[PDB]
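Engineer: Here's the letter readout for the chains.
Number of protein chains: 2
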Amino acid sequence: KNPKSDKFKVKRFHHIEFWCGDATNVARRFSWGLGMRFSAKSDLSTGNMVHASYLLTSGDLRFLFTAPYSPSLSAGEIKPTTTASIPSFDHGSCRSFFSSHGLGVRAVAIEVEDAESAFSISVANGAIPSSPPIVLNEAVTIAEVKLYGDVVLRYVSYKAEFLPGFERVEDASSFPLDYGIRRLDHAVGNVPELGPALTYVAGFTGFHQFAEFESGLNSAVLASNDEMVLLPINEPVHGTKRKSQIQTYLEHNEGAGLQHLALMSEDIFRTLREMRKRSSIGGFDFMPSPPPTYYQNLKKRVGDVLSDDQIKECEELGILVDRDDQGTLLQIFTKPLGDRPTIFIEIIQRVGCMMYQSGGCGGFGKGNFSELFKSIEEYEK
Amino acid sequence: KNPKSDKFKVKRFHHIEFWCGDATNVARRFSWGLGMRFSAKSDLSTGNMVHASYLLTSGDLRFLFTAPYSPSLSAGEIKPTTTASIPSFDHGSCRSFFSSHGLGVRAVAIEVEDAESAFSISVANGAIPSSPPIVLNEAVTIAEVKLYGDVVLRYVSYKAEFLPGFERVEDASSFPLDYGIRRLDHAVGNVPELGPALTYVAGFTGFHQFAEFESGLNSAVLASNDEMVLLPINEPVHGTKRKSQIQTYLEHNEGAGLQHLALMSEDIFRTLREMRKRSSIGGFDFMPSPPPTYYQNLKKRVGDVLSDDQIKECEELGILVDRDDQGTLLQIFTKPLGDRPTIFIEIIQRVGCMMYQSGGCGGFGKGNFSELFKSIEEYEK
Ligand SMILES: O=C(O)C(=O)Cc1ccccc1
Ligand SMILES: O=C(O)C(=O)Cc1ccccc1
Ligand SMILES: [Co+2]
Ligand SMILES: [Co+2]
Numbered sequence: 035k036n037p038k039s040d041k042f043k044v045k046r047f048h049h050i051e052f053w054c055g056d057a058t059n060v061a062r063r064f065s066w067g068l069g070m071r072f073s074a075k076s077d078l079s080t081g082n083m084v085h086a087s088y089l090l091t092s093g094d095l096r097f098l099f100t101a102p103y104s105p106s107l108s109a110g111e112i113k114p115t116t117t118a119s120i121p122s123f124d125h126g127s128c129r130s131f132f133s134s135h136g137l138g139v140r141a142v143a144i145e146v147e148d149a150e151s152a153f154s155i156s157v158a159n160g161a162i163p164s165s166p167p168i169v170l171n172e173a174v175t176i177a178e179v180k181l182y183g184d185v186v187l188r189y190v191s192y193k194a201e202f203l204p205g206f207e208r209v210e211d212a213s214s215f216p217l218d219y220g221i222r223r224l225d226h227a228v229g230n231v232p233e234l235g236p237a238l239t240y241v242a243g244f245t246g247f248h249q250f251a252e253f262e263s264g265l266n267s268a269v270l271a272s273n274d275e276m277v278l279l280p281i282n283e284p285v286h287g288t289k290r291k292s293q294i295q296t297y298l299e300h301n302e303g304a305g306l307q308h309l310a311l312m313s314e315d316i317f318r319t320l321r322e323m324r325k326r327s328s329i330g331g332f333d334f335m336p337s338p339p340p341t342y343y344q345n346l347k348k349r350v351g352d353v354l355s356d357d358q359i360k361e362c363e364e365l366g367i368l369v370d371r372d373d374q375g376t377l378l379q380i381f382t383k384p385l386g387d388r389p390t391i392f393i394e395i396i397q398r399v400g401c402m403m411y412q413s414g415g416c417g418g419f420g421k422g423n424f425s426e427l428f429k430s431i432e433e434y435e436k
Numbered sequence: 035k036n037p038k039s040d041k042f043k044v045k046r047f048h049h050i051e052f053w054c055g056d057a058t059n060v061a062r063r064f065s066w067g068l069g070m071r072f073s074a075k076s077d078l079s080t081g082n083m084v085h086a087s088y089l090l091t092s093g094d095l096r097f098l099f100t101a102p103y104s105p106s107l108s109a110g111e112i113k114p115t116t117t118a119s120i121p122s123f124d125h126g127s128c129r130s131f132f133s134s135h136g137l138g139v140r141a142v143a144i145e146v147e148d149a150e151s152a153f154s155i156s157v158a159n160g161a162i163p164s165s166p167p168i169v170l171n172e173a174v175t176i177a178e179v180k181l182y183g184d185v186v187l188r189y190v191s192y193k194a201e202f203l204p205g206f207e208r209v210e211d212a213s214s215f216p217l218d219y220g221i222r223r224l225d226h227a228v229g230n231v232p233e234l235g236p237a238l239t240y241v242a243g244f245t246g247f248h249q250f251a252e253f262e263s264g265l266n267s268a269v270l271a272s273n274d275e276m277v278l279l280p281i282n283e284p285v286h287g288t289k290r291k292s293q294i295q296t297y298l299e300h301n302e303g304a305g306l307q308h309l310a311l312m313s314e315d316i317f318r319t320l321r322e323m324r325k326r327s328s329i330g331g332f333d334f335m336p337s338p339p340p341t342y343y344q345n346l347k348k349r350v351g352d353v354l355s356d357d358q359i360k361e362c363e364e365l366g367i368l369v370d371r372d373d374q375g376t377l378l379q380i381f382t383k384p385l386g387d388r389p390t391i392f393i394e395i396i397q398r399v400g401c402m403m411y412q413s414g415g416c417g418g419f420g421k422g423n424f425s426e427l428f429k430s431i432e433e434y435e436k
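For the record, the sequence lines run as chains A and A'. A prime marks a further copy of an entry chain.
Positions 35 to 194, 201 to 253, 262 to 403, 411 to 436 (the deposited numbering) are the ones given, in order, by the first sequence.
Positions 35 to 194, 201 to 253, 262 to 403, 411 to 436 (the deposited numbering) are the ones given, in order, by the second sequence.
Keep in mind that a hint or two might mislead.
Said to hold, decoys possible - List of simulated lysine-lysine pairs, DSBU-like, C-alpha gap at most 35 Å:
1. A:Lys180 with A:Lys38
2. A':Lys347 with A':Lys421
3. A':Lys383 with A:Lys113
4. A':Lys113 with A:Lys289
5. A:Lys35 with A:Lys436
6. A':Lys325 with A:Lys383
7. A':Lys113 with A:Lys291
8. A':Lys291 with A:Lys113
9. A':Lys38 with A:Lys383
10. A':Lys325 with A:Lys325
11. A':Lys289 with A':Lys41
12. A':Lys348 with A':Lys421
13. A:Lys383 with A':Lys421
14. A':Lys45 with A':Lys421
15. A:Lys291 with A:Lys421
16. A:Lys113 with A':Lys289
17. A:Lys348 with A:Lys421
18. A':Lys421 with A':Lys38
19. A':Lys45 with A':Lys180
20. A:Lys325 with A':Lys421
21. A:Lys43 with A:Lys113
22. A:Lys325 with A:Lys291
23. A':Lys325 with A':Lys35
Stated by the list, open to error - If you want the ones that stay clear, here's a sample from chain A, every Cβ over 10 Å from chain A', calculated:
24. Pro37
25. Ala57
26. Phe64
27. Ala86
28. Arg129
29. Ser164
30. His286
31. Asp333
32. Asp357
Source of the hints: derived by calculation from the structure; they are not laboratory data.
Built from N, CA and C at the ideal position, the CB exists for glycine as well.
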């Protein structure tokens, strides 16, 4: 059941913005590790005396990396005369964010029909304003409200190429890396209390709870009308044998924040081969693979969807497989992206629900907790 | 003339420490870009609740990357009970350094016979103390004095494997990258006034001015007794046609600091081939190459040291060649390592002065300014 209750017209995920200490080094690392190309920049060379911002793209996935310059470069400016290309940027906010959280996501940006309308409707319905609507070069409108912790939900709307003031990068500096990643599937937040977080966000968006199917966590997923913008939120479960990883996140992050980004691949086997080739030469590491008994148990569960060879390929790459009643989910998780055990990345590919593929086909992996434990009985074997 | 006036026994350069916002991403980027292997770590997994530190090595070159965790992880600790492996580390100093300067070198570390003696003699001779001598696990002694700006000269002495509390990394995570770099040749600082900087540093070390052979800068080089520890210092020259790049550095860095590291290669052609292969896939970029007329003019200057083919190879890789009366210097400069136009890297290889190779063989490139301008007359050609 999807009541289609969006209080304003939402299109798709637009970009994810990381707040960094040094945008250059994070962007270069992510580009090599994930196979994303450098596609746009806004920095000193484009006249921006406030922040350095670099955009990586893979298909429709857009990762923006931003870091502040010395405030002294822009000390004469006021907001009416700013050289910042992202008018919501603030030196103090950015330094405070990074000192508090380390490297992480500041903005989850979605494209909407009218960012000014989305902002007004959101705040009228309880959203905490973060940055009011601003029209850039009479062409793009940008506005921000608080999502959870210090993460903002960013609205972007276009009258009719990233943002005004960004330049496409010299293709001599733009190497056409591509490991198969194509779009952001969903973005997951961690909060101390799930109930109030859901009420707040569902309150100002009109997003509905996405229909799904005892260790660590509870969660729920908020979804837009066509269920293409998907926002799961986790809370810790206290008192368990193993300490809740959600609680570990909250401790090391200094509170609520974005936990992970799920990136859709058009070919998850190619993506994982290419990413694993680079893990120890500047790329990303992956979580330890499930035991072989997990893959022995895969035939009974998805032997009608994957061949023996395709299953053996899952075992080689450490891929996890889950399934609801509409589709199948292939997934894998990286180790944390930076120093703290906070943010990480998931790679996914979904099988089924065609007609295009409907959002959330196969779910979010609710069945992989019990399948993993009832598989770690390989201790005996 | 070298008076051999070192006020304490200095051995060689030991390591360079970068202060970062996220040590993981900077270290991974540098590892791939420069061909350095991950060799040691001190972080949460080793019991350090204060800072994350990762060591890269190539030959005898040691690059350490350090970033602070949330202070809350260590809020119960006091200095007597610290879990930091580097006792001079301070959360506030590190965050203040990075907010002020961005990514850069905090410590230039040299090995000495007795770090406690070196510290005492230095401070007795005018050195501003930064961190007093501390004995780690009854095995290593570490002390720090101010060098210039917020950069410290770090003394390390060993009774008899980096530092106690560091662990050698799992060789599954340690890929044996190597593009030919073997040691730190020299480390260059930028200051507003050269005179007082030289007097201060030569004052407390006893380092002497190294014997060498109108645009932008003046400099001088301080050297240890065997001239293996080499510390050039630059000051801006004001009022010139083109604005002094030293002054640009000082503006974007918020004052004095380390400008560049010169890394010796055992095979500069291999190093540059390998680094240039990776420039647009996560590595480092290089300064624009000199015009072909520069290389046309190379035969007359170093045709007795390099073959036509070796000269053509210099032209392919953009290598600069200088020469004093004792040896020849091959060199090249990277673009800035991070967001700000501040720190960069030089790759060098020296030819001559054998007997081992004496320090500074070929100089530091004093002759490449005039050779470059008188070559940019290729405009006519
Ligand atoms: O909310 C969800 O749908 C998740 O899957 C979140 C999650 C997944 C794995 C570890 C911790 C949280
Ligand atoms: O001090 C020196 O020996 C230098 O070469 C410093 C330097 C080199 C190139 C550009 C700016 C400063
Ligand atoms: Co997920
Ligand atoms: Co130099």
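Engineer: Against this structure, judge whether each hint is valid.
Structural biologist: Now the hints, each set against the structure:
no.	hint	in the structure
1	A:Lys180 with A:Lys38	23 Å, holds
2	A':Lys347 with A':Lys421	19 Å, holds
3	A':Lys383 with A:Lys113	31 Å, holds
4	A':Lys113 with A:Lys289	33 Å, holds
5	A:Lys35 with A:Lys436	43 Å, violated
6	A':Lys325 with A:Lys383	28 Å, holds
7	A':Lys113 with A:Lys291	29 Å, holds
8	A':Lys291 with A:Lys113	29 Å, holds
9	A':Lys38 with A:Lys383	52 Å, violated
10	A':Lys325 with A:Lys325	17 Å, holds
11	A':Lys289 with A':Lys41	42 Å, violated
12	A':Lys348 with A':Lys421	18 Å, holds
13	A:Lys383 with A':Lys421	48 Å, violated
14	A':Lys45 with A':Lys421	26 Å, holds
15	A:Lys291 with A:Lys421	19 Å, holds
16	A:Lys113 with A':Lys289	33 Å, holds
17	A:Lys348 with A:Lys421	18 Å, holds
18	A':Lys421 with A':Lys38	24 Å, holds
19	A':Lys45 with A':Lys180	19 Å, holds
20	A:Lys325 with A':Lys421	43 Å, violated
21	A:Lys43 with A:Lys113	29 Å, holds
22	A:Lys325 with A:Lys291	32 Å, holds
23	A':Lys325 with A':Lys35	42 Å, violated
24	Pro37	41 Å, holds
25	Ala57	6 Å, violated
26	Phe64	8 Å, violated
27	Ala86	4 Å, violated
28	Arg129	5 Å, violated
29	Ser164	22 Å, holds
30	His286	19 Å, holds
31	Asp333	7 Å, violated
32	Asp357	27 Å, holds
Violated hints, in rising order: 5, 9, 11, 13, 20, 23, 25, 26, 27, 28, 31; the structure is consistent with all others.
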